[PDB]
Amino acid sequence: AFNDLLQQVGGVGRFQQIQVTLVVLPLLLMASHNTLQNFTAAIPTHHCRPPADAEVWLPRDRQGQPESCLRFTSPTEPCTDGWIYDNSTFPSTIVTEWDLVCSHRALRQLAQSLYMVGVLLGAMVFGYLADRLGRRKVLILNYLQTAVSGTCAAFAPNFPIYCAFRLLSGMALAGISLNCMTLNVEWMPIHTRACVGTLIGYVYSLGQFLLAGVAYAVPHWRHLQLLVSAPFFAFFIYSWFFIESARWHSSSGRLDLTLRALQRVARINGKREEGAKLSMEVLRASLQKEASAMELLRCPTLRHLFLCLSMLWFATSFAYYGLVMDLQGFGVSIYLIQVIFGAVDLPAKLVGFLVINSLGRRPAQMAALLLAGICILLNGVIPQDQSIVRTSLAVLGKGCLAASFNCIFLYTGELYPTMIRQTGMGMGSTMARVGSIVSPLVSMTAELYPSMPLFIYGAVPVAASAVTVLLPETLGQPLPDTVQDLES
């Protein structure tokens, strides 16, 4: 009877209206910390540096641009000296610092892959530790670790040091991304739980505008990293004023902490008269009524559904985190491309929400996945000469993939049974990062063909679109109470 206690205290009060906002506010930096390898590691035009022995020194070809590989040893040798980088729009990037051009092109993808690997470990470890040490302590440690491991990456003189710092930053960001939702969902009542779930996605979607504005404000990559990682100290400094969740305290076994927290919340809300009436015996009278991960195995009913949902999550995450990167080559400047990409998610979600409830869950998911797959696959045949339909197809695919996540989140949440739902959500979110890790590894194959990664990015959603026809439709149907009554 925790719900009746929340309604007795006041439910949605001033304390919630302060705490949920002060917790969701730092999430605006998700886009800045995630999709940074478009601005901080841009590749400008470059050519070989001639030796200091002196225009006609380079083997220019393909309509006369200088060749960055050969150098005309006689007035056919590798460079091994250095390069001259343009400084008209990119004064300093990663490839400018350590000369990561023409011989070490894959190390950018390697650093991105390491940052993506550093997400699963952080999510697993800190999600395991949060249910043992408490949400507020883990949030405090995350706030500290993010700033400490982010502000030192701008002064890294070597590449592996920067990679390790970015991996630890990805650890901290994965931890905070899980723990913000975990702490925010608990305090809200049963009838307003779904309202705050969509609100956090709105905050995540708004980060691209801030990222574009900050990137336009400072071109220099060290100052960019410092300015992005700076506000985490100011976020950490007031983090000691949060109140621990009463549900975790009650499930732990200590009820005096729940009584003290409820009384304190009554003082903040101004309803201390109900808090005085609230005592120990009513918690022992109303909360008297207050599943392994391997149960998916050796049970075909759960395993058959789990395999398909994991495949869908993997395919959607792979397509999204492959499309969002490599913004260069579109002709339009990346600053405009960022805001145009950020301005497409809202109408796509608006269309998708009505499409789900007007047609069906599975038909909407199939339509979104098939449309995204064919739209990405169409991009691989039209040449470089055009400059409008490429951007149109890219933004349509990005918005449609965002709608695909918006559909599959509610589909996965509603489809699973009640008891196994939490670990199903956790395993689905875990599987939704393997594709993100793999996407730089398959993007590394751009050397062989200039459109093979683009062909790969379109084939997986197309293949997974026809996979969805193997699931029952659960629109306007009761949720499965257990496995015994799960037949349709």
Given for the second form:
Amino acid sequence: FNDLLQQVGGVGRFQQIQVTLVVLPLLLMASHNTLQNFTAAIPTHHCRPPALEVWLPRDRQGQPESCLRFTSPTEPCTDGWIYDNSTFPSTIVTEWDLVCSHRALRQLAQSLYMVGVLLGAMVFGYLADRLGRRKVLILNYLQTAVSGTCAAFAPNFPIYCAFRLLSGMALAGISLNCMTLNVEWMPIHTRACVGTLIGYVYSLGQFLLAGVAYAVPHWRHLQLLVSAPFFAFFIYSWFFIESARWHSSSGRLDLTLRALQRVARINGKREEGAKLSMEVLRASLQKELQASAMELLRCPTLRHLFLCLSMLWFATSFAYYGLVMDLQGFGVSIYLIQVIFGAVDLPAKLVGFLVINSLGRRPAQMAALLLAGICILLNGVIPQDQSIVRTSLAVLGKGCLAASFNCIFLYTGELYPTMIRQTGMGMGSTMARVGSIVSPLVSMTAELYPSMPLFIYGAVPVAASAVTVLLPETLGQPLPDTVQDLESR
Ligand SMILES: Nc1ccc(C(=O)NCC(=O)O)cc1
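I've shown you the form deposited without N-(4-aminobenzoyl)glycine (ZWD). Could you give me the structure of the form solved in complex with N-(4-aminobenzoyl)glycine (ZWD)?
Now the complete complex, all chains and molecules, led by this one.
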């Protein structure tokens, strides 16, 4: 097939336009995943006195305690709280009083959000195989736009949580289908590079969230501004071209020929396409015309690899989403810390790339995960008074975790046999999403100990780094094709 696609311009007009317009939506992906840092921030709040020096007990720091009002000039504060308006004019926390006793709800919502992402990874994955990549992409654009706009207009917390879960489902569908439709339309010799570009467009997305949230501090307007471009995306995405590989797989080669002829003229190489007919299409497409995930558990050689890669994905995503969404405690302005976090990835990916090529694949994962864990533990131990040390160490941890996300992507792409390679791509990635469902929840345990969430957030990556030992080195080795090749290693 690559033959034909190449025969049809290879990369060119239809390819540059579609690639740019399918990767453009991912610029807002990172803004949606990490939105609750700016739309759900906690301003310093104090108890509203009966309708402050007399009416507010003071804590060690001298500041007014947040959740206690003197019974007489203590008692649970039931008259509401005067949230500070200095920064964050309004965040869900302020709007729906998600503080004090219910403070945990602030995390719960995000958990629910990524729950949708996990669901959006599965259901809208299966739909992608039944209705076509383009139709599912169109529905994802429409669902993201509508759900985000409605969540910006939620009248109470449960509706906001449900609509954010729908937003997560639709955005996970977007993330999967953009990559799939982009890979399936490009030649293999430029497929891997596309993935790299994907990551970069995700990374730059963080910068966007740093900027927009500065200009639009209100949470409702920020949510609407972030989720409204998806309406224009749904408006312009009716013009996409269905992936011809899916059309061939479903058995409708007529639509494959139609799409190939359409890309032909688009690319200007019509005479070639026009020559491409049903007989030639069948002749060059007969040979191409994945095993079950149960095989991953059943085969012990595959079971060991699945367990190791699941632990790596889970730990990496868990620590990453633990660090990305703790921005206020570093002591610097959260917009600046967001800009810095976005800027870590560009050199972090280069360092990971260089290490992966030079030293190896397994040592790169080991070093990245162990460094992330040690940075995390030392951030947990170093007192808050040292601001530059905590900021630098958290930044280094985030960079190491981004390098891990890539290293584990490449590692799990080259480790699995070709029969189960794509399914292993899914479940491993699925484990990552499962990690991001557990990451906020464990955060809730803070009320127990201020530093416990960081302690677990670093204990898990160290365990993953230790687990990495069992994995086999893949540098200089061809990709495997069967279980026997794995056993030979
Ligand atoms: N280069 C990156 C790609 C994806 C992610 C991520 O957050 N993935 C979770 C999911 O989208 O299910 C992070 C960095």
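Positions refer to the first chain, counted from 1. Each form is matched to the other, and the largest set of C-alpha atoms that superpose within 1.5 Å is called the rigid core.
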### Message
So, superposing on the core, is the move of residue 70 at the CA at least 2 angstroms between the two forms?
### Response
yes
### Message
Given the rigid core as reference frame, how large is the C-alpha shift of residue 327 between the two forms? Answer in angstrom.
### Response
0.7
